[PDB]
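**Q** Please work from the sequences and hints to get the whole structure.
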Amino acid sequence: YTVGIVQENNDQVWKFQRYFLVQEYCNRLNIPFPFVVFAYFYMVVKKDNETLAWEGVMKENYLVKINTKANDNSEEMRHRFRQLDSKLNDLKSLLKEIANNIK
Amino acid sequence: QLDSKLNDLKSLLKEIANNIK
Amino acid sequence: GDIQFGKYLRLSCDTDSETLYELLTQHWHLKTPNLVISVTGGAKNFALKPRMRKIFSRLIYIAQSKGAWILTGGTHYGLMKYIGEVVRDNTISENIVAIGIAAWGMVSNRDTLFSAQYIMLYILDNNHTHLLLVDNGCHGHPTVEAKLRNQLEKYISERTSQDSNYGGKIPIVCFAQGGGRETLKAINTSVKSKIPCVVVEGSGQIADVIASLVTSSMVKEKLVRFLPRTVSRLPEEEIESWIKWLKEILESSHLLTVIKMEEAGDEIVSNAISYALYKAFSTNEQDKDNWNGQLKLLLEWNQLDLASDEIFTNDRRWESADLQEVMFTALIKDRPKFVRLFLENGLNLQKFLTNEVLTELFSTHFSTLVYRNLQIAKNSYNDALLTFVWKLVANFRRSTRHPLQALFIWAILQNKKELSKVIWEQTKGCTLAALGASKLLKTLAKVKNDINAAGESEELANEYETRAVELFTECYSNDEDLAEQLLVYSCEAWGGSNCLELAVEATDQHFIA
Amino acid sequence: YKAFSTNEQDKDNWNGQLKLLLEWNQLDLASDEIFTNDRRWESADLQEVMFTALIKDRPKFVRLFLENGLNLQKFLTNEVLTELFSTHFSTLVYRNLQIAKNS
Amino acid sequence: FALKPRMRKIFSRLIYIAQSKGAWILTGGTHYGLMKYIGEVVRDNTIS
Amino acid sequence: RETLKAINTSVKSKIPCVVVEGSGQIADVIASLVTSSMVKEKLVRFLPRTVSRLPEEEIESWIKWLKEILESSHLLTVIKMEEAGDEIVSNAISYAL
Amino acid sequence: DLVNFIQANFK
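For the protein sequence lines, the chains are L, V, Y, G, H, U and W, in the order given. Letter by letter, the first sequence follows residues 981 to 1027, 1049 to 1104 of the deposited numbering. Take the second sequence: its letter number 17 is residue 1100 in the deposited numbering, and every next letter is one higher. Letter by letter, the third sequence follows residues 104 to 108, 115 to 202, 207 to 226, 236 to 242, 250 to 343, 350 to 534, 557 to 670 of the deposited numbering. Take the fourth sequence: its letter number 85 is residue 497 in the deposited numbering, and every next letter is one higher. Take the fifth sequence: its letter number 48 is residue 202 in the deposited numbering, and every next letter is one higher. Letter by letter, the sixth sequence follows residues 310 to 343, 350 to 412 of the deposited numbering. Take the seventh sequence: its letter number 3 is residue 42 in the deposited numbering, and every next letter is one higher.
Be careful, since some hints might not be right.
[Stated by the list, open to error] Cross-link-like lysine-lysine pairs, in silico, PhoX-like; alpha carbons within 20 angstroms at most: (1) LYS153(Y) / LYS486(G); (2) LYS1093(L) / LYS1104(V); (3) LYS357(U) / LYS379(U); (4) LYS140(Y) / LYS298(Y); (5) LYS1104(V) / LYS1104(L); (6) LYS578(Y) / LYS1070(L); (7) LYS1093(L) / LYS1097(V); (8) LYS1088(L) / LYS1097(V); (9) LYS578(Y) / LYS599(Y); (10) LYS578(Y) / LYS1060(L); (11) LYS314(Y) / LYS357(Y).
To be clear, the hints were calculated from the coordinates, so they are not data collected in a lab.
**A** Structure, rendered in structure tokens:
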């Protein structure tokens, strides 16, 4: 039961740990160990806007995508129909005005 | 489309009024 | 006679309005920022329709929020009684004034008078905090309170207000949904004054008459339709006077506002009131050419669409220097929609954030509770980002710069969602800012005593982290190399760290994966 | 309903109209016609119809009467409850309750 | 100038169409209102 | 105003082109139009403050320019406000040409 | 005090 349950959340944790290990190995002398000691000696002897603009453009695109997804409900047509009704009502008023002209 | 048809009727009425005047 | 279980008193019609107002304001009641008077027939016949109940509950909530006074018959019959109950509920869940006005001669039980207590036609209601009785004349209980109420409202309309922002005047708004004759008389005498106010085409039948109207024969037939029995009972001369009153009322429509029956939104009530006041502020011609005050009024009441339609548009040519004053107020007022509107209507945010502006804002608008919590978290737990944020906030409290990041942090620490998103949509380092916000919210919730506030902060942090993940997915799909360059981009004093470090320190497994 | 109202024999009558509309399950029409501000029915008249609605099993009318100003607390008198329990408690239910209590 | 979402979308689509066709664009070019926005858009287009 | 003058001088040439019944108010005037009294009242509706400020002779010239523009409609194309499609712009231009 | 002012104002 436990194996069946915790499988989905296991690879994600492993990827996090993998980041940790990879950064540990990269933030290192990257020298084979049996000679690495020499480094510890030698070392102890001694001891932008373009990217941000591009990211902003992509952020604008992402916001546009979210707004379009929200508006994709397609219910606005109904609203349009309602507006049409009002237009028809306007015609009636015009007719009434015509009658007032006739009288 | 039906709505448009109804609108057409209104226009006809307007034309009738133009005939009446 | 004073009764507590509040203040009650017996007045004479000769009493001056100024003296009564001074009495009320001096000791018991605070200065009114707005008044609502409910015009309803005193008859015991009242229908508690769900729509009317909802409308009046929303009205009471709006009055509580604004701190407005409420005037009512206060005889414990029909609508008035309901109102009392509502206010009671509201105080069980600041304080709301629920003044009631009645006639001493129309009171069944009289207990003349430390404080006399009486427990029991038209016996007064006990839910109202304050009650005023006036029967100096006509001891047989004819209508006499209406004249005094009209005089008091007239006096209030003439009073100046220092910080009202309605042009220095108190909005007086007669909310009326009553079918009685006295309701019609009150509406007419109010409209004769510069008192915009509202009717609802609902249960009230004379209100329905007025709404439908908005010739003598047409008004007569509408009245007969909505008052068959009532019109039949009334005599000819009094009903001709009725028609005259109704025509006089219908003469002016700008002061008269109506609520559509079709509308079912929860915020309809406010709108109506707002619109009413707006028209009286604009059509009054005293400040019709005025531009700023109109926008301030529309900013006070949450009316965004109307402001865009009316204040803006090409003709006015407002210019930039005028929008700064309203933007500053909108920041405090917590009106994110107006903030977005101002930003997208030409305001330059970068220039707006001045050193003095940020200093004053941080000093006199940072929540003391939040400040104490941040101090405790910084002193106890500490972190790479907490130290930086604490230093920045302390610097602005005592006295590149990245002012946008400072504003975003200020919005975040107060737990403002829409405003925080609006500010985030302006920053340069959007992904890094979102990651930092998530980390900061997590850390603050880790040291927050409040139970539900912790959940709110956790939800906000989750929302921001999902936002960052989605943004980075889109960014990487667009390009592979620039996305990694952004990843490794070292913060220019945001927190001294890039996206990877913030994500790993915040334990954001979803982003890394 | 129309023949009872337009007949003019009891057109001015108020109670009988409400009793008839209570017999047949017509709630919306009763709210529209019987009530509204003009009549000024008062409280003492609604008790007789509330009592009948309790037996008739017309919950909507019960809610309508309660929300139209009837004071439920005053309505429940000792005699009312006594008579109701005595002459409207199902004999089958009474026997079942007796058996459950005794066993 | 009002940066209504509809107008912003319309002018962005116009700039995209001009880019696709290779068409020239003539404008006041005084950095006020709409013109300024147009400039920003074209900048974005060349950054992408 | 200069927008109206440019539109008129362009239409006088064989230059089809487009207006949008959106934020632009004189564009809204032209779209709604597509008699002198009717154009005048539409202009006043969409330019209350602007029409109030302008003098009589210059505004009569405005009306003359607007009538001359409205004379020819084949070169004049409009974008409906109801339309929300992503490819509307292109369509308009296309149709115009 | 308050009662005295009230009764003085109301006569």
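**Q** A separate judgement is required for each hint: does it hold in the structure or not?
**A** Quick rundown of the hints versus the structure:
no., hint, verdict
1, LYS153(Y) / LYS486(G), "holds, 17 angstroms"
2, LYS1093(L) / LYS1104(V), "holds, 18 angstroms"
3, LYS357(U) / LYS379(U), "holds, 14 angstroms"
4, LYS140(Y) / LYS298(Y), "holds, 13 angstroms"
5, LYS1104(V) / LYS1104(L), "holds, 11 angstroms"
6, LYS578(Y) / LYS1070(L), "holds, 18 angstroms"
7, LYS1093(L) / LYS1097(V), "holds, 10 angstroms"
8, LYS1088(L) / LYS1097(V), "holds, 14 angstroms"
9, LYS578(Y) / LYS599(Y), "holds, 17 angstroms"
10, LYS578(Y) / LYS1060(L), "holds, 13 angstroms"
11, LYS314(Y) / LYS357(Y), "holds, 18 angstroms"
Going through the hint list in order, the structure satisfies each hint without exception.
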